[PDB]
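One letter stands for each residue in the lines below.
Protein chains: 2
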Amino acid sequence: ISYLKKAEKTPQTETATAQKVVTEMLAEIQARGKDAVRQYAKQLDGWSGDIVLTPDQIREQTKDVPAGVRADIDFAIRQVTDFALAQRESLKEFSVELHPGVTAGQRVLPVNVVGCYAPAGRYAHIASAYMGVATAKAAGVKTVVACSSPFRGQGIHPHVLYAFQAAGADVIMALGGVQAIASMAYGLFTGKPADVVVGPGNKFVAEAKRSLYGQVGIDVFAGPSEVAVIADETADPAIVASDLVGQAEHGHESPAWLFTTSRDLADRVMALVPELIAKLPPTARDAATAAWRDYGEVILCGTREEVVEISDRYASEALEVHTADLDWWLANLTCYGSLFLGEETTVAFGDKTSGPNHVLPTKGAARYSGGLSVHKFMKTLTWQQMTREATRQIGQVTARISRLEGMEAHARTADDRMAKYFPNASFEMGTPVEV
Amino acid sequence: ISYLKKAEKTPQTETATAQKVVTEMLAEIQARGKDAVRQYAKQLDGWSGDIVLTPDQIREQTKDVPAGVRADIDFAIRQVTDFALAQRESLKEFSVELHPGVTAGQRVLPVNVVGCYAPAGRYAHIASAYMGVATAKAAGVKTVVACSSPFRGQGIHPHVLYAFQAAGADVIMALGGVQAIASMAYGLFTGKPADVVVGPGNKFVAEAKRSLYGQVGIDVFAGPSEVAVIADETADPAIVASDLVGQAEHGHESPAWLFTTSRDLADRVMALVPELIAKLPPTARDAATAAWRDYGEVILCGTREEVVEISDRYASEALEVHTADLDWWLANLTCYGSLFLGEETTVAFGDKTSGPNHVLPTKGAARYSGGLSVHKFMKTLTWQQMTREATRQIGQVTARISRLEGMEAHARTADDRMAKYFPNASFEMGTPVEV
Ligand SMILES: NC(=O)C1=CN([C@@H]2O[C@H](COP(=O)(O)OP(=O)(O)OC[C@H]3O[C@@H](n4cnc5c(N)ncnc54)[C@H](O)[C@@H]3O)[C@@H](O)[C@H]2O)C=CC1
Ligand SMILES: NC(=O)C1=CN([C@@H]2O[C@H](COP(=O)(O)OP(=O)(O)OC[C@H]3O[C@@H](n4cnc5c(N)ncnc54)[C@H](O)[C@@H]3O)[C@@H](O)[C@H]2O)C=CC1
Ligand SMILES: O=S(=O)(O)C[C@H](O)CO
Ligand SMILES: O=S(=O)(O)C[C@H](O)CO
Ligand SMILES: [Zn+2]
Ligand SMILES: [Zn+2]
Numbered sequence: 025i026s027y028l029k030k031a032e033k034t035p036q037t038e039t040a041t042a043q044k045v046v047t048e049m050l051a052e053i054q055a056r057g058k059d060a061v062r063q064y065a066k067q068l069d070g071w072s073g074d075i076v077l078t079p080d081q082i083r084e085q086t087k088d089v090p091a092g093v094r095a096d097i098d099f100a101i102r103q104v105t106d107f108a109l110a111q112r113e114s115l116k117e118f119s120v121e122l123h124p125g126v127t128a129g130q131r132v133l134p135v136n137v138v139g140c141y142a143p144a145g146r147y148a149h150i151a152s153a154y155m156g157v158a159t160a161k162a163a164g165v166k167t168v169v170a171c172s173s174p175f176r177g178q179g180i181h182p183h184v185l186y187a188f189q190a191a192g193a194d195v196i197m198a199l200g201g202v203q204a205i206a207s208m209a210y211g212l213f214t215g216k217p218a219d220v221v222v223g224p225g226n227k228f229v230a231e232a233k234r235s236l237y238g239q240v241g242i243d244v245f246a247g248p249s250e251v252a253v254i255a256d257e258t259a260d261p262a263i264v265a266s267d268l269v270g271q272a273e274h275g276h277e278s279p280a281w282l283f284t285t286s287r288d289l290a291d292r293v294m295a296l297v298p299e300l301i302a303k304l305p306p307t308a309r310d311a312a313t314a315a316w317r318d319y320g321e322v323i324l325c326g327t328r329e330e331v332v333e334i335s336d337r338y339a340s341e342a343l344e345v346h347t348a349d350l351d352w353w354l355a356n357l358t359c360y361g362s363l364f365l366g367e368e369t370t371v372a373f374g375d376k377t378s379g380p381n382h383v384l385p386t387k388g389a390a391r392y393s394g395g396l397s398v399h400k401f402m403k404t405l406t407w408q409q410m411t412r413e414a415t416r417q418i419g420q421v422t423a424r425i426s427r428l429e430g431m432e433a434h435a436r437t438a439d440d441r442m443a444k445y446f447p448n449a450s451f452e453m454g455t456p457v458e459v
Numbered sequence: 025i026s027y028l029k030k031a032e033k034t035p036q037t038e039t040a041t042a043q044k045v046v047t048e049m050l051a052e053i054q055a056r057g058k059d060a061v062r063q064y065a066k067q068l069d070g071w072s073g074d075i076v077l078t079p080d081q082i083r084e085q086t087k088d089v090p091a092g093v094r095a096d097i098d099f100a101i102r103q104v105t106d107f108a109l110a111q112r113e114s115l116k117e118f119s120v121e122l123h124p125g126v127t128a129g130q131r132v133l134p135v136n137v138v139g140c141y142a143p144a145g146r147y148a149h150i151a152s153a154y155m156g157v158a159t160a161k162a163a164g165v166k167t168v169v170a171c172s173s174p175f176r177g178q179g180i181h182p183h184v185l186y187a188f189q190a191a192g193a194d195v196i197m198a199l200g201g202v203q204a205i206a207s208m209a210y211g212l213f214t215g216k217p218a219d220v221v222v223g224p225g226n227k228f229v230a231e232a233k234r235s236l237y238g239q240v241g242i243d244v245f246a247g248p249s250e251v252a253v254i255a256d257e258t259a260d261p262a263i264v265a266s267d268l269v270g271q272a273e274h275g276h277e278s279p280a281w282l283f284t285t286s287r288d289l290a291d292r293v294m295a296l297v298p299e300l301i302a303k304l305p306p307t308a309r310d311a312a313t314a315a316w317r318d319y320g321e322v323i324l325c326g327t328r329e330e331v332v333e334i335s336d337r338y339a340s341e342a343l344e345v346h347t348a349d350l351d352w353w354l355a356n357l358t359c360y361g362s363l364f365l366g367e368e369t370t371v372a373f374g375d376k377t378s379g380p381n382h383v384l385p386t387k388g389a390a391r392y393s394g395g396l397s398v399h400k401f402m403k404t405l406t407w408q409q410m411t412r413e414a415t416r417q418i419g420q421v422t423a424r425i426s427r428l429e430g431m432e433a434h435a436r437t438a439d440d441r442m443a444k445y446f447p448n449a450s451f452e453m454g455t456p457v458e459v
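Residue numbers (my numbering), protein chains in the order written: chain A, 25 to 459; chain B, 25 to 459.
I should point out that these hints are in silico values taken from the structure, not numbers from a laboratory. Worth double-checking, as some hints may not be accurate.
Identical copies look the same in the list; a pair holds intra-copy or inter-copy alike.
Mimicking SDA-like on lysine to any residue, the simulated pairs with C-alpha atoms at most 25 Å apart in a straight line are [claimed, not checked]:
| id | residue 1 | residue 2 |
| --- | --- | --- |
| 1 | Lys30 | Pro217 |
| 2 | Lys33 | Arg56 |
| 3 | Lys303 | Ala190 |
| 4 | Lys444 | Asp256 |
| 5 | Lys87 | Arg427 |
| 6 | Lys44 | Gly57 |
| 7 | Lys44 | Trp71 |
| 8 | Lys29 | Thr258 |
| 9 | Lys166 | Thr411 |
| 10 | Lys303 | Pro447 |
| 11 | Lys216 | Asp256 |
| 12 | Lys216 | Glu333 |
| 13 | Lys116 | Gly164 |
Modelling step: build the complete structure from the supplied sequences, incorporating the hints.
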């Protein structure tokens, strides 16, 4: 295992800056509520307008959105919705018998209110807007509040707004960043605090969601976008290089990783990536140049197993696999947000319209979670019921363990049932706690 | 809706104290690592022994655990495992065709390393020990690190230790509180950082997990225990009262709630609870007296619908239902951690040996999450693969949407595939970005 390109910075590098800003802003917002948010909206995003859009404003701001644009977004919404409904079917309710007379089961219930964030800064994240909202509706969530940042010194990008509306948002707000996340968490402006807040964003957005976990549920830590490509000698260096640059344009902090067993592939890609970046237009060129320099990495490995080991350690948001024997890679990789098998599909496809959600774990979160999905909006709750007969065993065990732990009042709830249901039975219910 | 008893305190009252302590302690542990943890163990828990238990120590400390105790714990481990294995079956892998030629699927994979906390302070939480570890093993997790607080002069309570060992823990540490949670998160002492940290504890433990979310996944915010009872005129006040007192003994901060449509039931319960508490031994009496006084509430409602409304808003960790027509309540209740239908079962049974997990959401977390389960250790990841033909539709939509967003490099990954796979095709790929 050898690093042909090592990065100066990682997803961890900017953590402290993000956490500093978020701690300050959240303190302010907790203390000063809506006034703090309007002021942050003013000073950060130059926004003095109304925050909650009326139906009139939405209609007005999207009236001129062309039919061909709407057709593309509607098509994407359908793909996302279809995959979401398939995922919903994968998680089932059930009941079982355990000890005789003990019935237990699992209920699967949607949350009531979701807040969805769609980012807008360098780019306007049209696709993010339907990724959150369409998924929440597919999960059967009753109320969906959606926010996106005022873009390029104006309001919500009209195509983001269209995405939100067509995906089924009930409330739309022109709010960005930390103040958006906090507003949705606390129910500022709407009076409807979210049960779950979802959606991608820069390091401040992702840290704000992470800090507010508890107050709300979340999808996943979904910060500056990442990409890894696993490639063997069959891979096409021109396509690999193209794919790396594709995510590098997200911004200065987006890492692009190449893991390969072919030095010839690595070398060609390392030559091609700067060339591809130089041909980009200004904003993308600016982002990708910094990202590739500071965060880009290339790792040469000797075997497939070493690639797997490295990939799993990196736990990339998105992982492309351009190799032979794709079944082996599906069977063996274990840590990634979203997997793209073979050359034909690619991350940008997943980003816009493949179907599976693009809101995905960054900064190692793929070690413990997949991305936004209907699963993040379903609660899996347990229920149980017993016969009186079942409590003969369950009760005596409960009383004895409870007493071993020191929990006398717990044990008495079992004693009381035994005395009531079976006044003639006599069991070892454990030595009463005296201290 | 009338408050026959209104609480002066709620689960939210103590949040500020918890956060202050946790912020300080986590800062110290980030700064000083193992040195801070050894210092906290000495100063908070009076422990200056080794932290990681050796195989010989475990054998030696569990050698005189009687056969009767072992049989009860083993029976409980069986019930938890049985229900866990059933829950595991409820979440399926799948693949589907979306747009023709687009294959997308869901992989369900266990995390690599889990940290389990079993509390020990007022009481020694034997059941908590198997709740975490047995569930992790049922999920297929290969490495389980297990911690419990030094209890009453010694290291880990011997019965907690037996539970950890019999449930299948790989590493066991004598370590409590925030320092335990932190150590498992950062892999201190073991060199094995957890992917997910689970387990219940006091307000500091729960806040530490919440604050470390991101570094690790977690189960849920599982702080000071809560109980709610729904009762109608059919309920037995002696049992209801016993059950409320059962959970109140957990500590000064444990809320016990009664929601009822019967005033007579309410009055008898309110008379009984004090009498029952007075009959408890000192530790439990002290805890329950304060909990009932400060946090206990009793609410009278006119209709079942009002009871559901109020129950859903309280979102209790554990919810007993002593009513007629239990199917209606199962159909209509939406916010609770774990549901106990009918009088026969009770929270204490679920705590020790019913089967469903007892590590459950507090402080309103049941609005967005169920308790600890195999689901908290299973990652739901997505994969996809495409034919070249599929990329004709998917690629053109990607390129157009990308360019609408301003993301030119994204669009170029589609352009490059269209040129390679279909050089003679002419699609609208969008106006290239110039800015
Ligand atoms: N992980 C995932 O699934 C996805 C991640 N992303 C990432 O989302 C990010 C989007 O970033 P942006 O374009 O900035 O949009 P954004 O919407 O995340 O950020 C814009 C907001 O952040 C605020 N902000 C910016 N700098 C600030 C500062 N220093 N202090 C306080 N507030 C500040 C702005 O005022 C505005 O309110 C990119 O890094 C992109 O890669 C995008 C899509 C999916
Ligand atoms: N929600 C759930 O599913 C469950 C909740 N529980 C709850 O767990 C709790 C256990 O509480 P404890 O007996 O305290 O056990 P614990 O193990 O949670 O707390 C003991 C540890 O906390 C530390 N600690 C205590 N006070 C501290 C302070 N002021 N500053 C710093 N560290 C401090 C101690 O030094 C020790 O390391 C109870 O409230 C119980 O109701 C128990 C089982 C299940
Ligand atoms: O490009 S998008 O903003 O649509 C999604 C992003 O690539 C995933 O991090
Ligand atoms: O009593 S236990 O500590 O075993 C579980 C507790 O009641 C759940 O909050
Ligand atoms: Zn992207
Ligand atoms: Zn209990």
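A quick look at each hint next to the structure:
1. For a Cα distance limit of 25 Å, the shortest separation of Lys30 from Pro217 across copies, 24 Å, qualifies, whereas the shortest one inside one copy, 44 Å, does not.
2. In this assembly of identical chains, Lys33 and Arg56 lie within 25 Å of each other by CA distance solely across copies; the values are 23 Å between and 36 Å within a copy.
3. When the C-alpha separation of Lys303 and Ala190 is checked against a cutoff of 25 Å, the pair qualifies neither within a copy, at 35 Å, nor between copies, at 62 Å.
4. For the identical chains of this complex, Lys444 and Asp256 are inter-copy neighbours only, at 19 Å across copies versus 71 Å inside a copy, given an alpha-carbon limit of 25 Å.
5. For the homomeric pair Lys87 and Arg427, the shortest alpha-carbon distance between copies (20 Å) is at most 25 Å, but the shortest distance inside one copy (69 Å) is not.
6. In this assembly of identical chains, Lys44 and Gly57 lie within 25 Å of each other by CA distance both inside one copy and across copies; the values are 19 Å within and 21 Å between.
7. Only within a single protomer do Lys44 and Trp71 lie at most 25 Å apart by alpha-carbon distance; the minimum there is 23 Å, versus 34 Å between protomers.
8. Within a single copy, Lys29 and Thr258 get their C-alpha atoms as close as 21 Å, which meets the 25 Å cut-off; across copies the closest is 73 Å, which misses it.
9. In this assembly of identical chains, the alpha carbons of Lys166 and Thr411 never lie at most 25 Å apart, being 36 Å within a copy and 37 Å across copies at closest.
10. In this homomeric assembly, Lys303 and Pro447 come within 25 Å of each other (Cα to Cα) only across copies, at 21 Å, whereas the closest approach inside a single copy is 86 Å.
11. In this assembly of identical chains, the alpha carbons of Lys216 and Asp256 never lie at most 25 Å apart, being 51 Å within a copy and 31 Å across copies at closest.
12. In this assembly of identical chains, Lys216 and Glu333 lie within 25 Å of each other by CA distance solely across copies; the values are 16 Å between and 45 Å within a copy.
13. Taking the shortest alpha-carbon separations for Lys116 and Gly164, both the intra-copy value of 15 Å and the inter-copy value of 20 Å come in at or below 25 Å.
The structure fails hints 3, 9, 11 (numbered hints given earlier, in ascending order).
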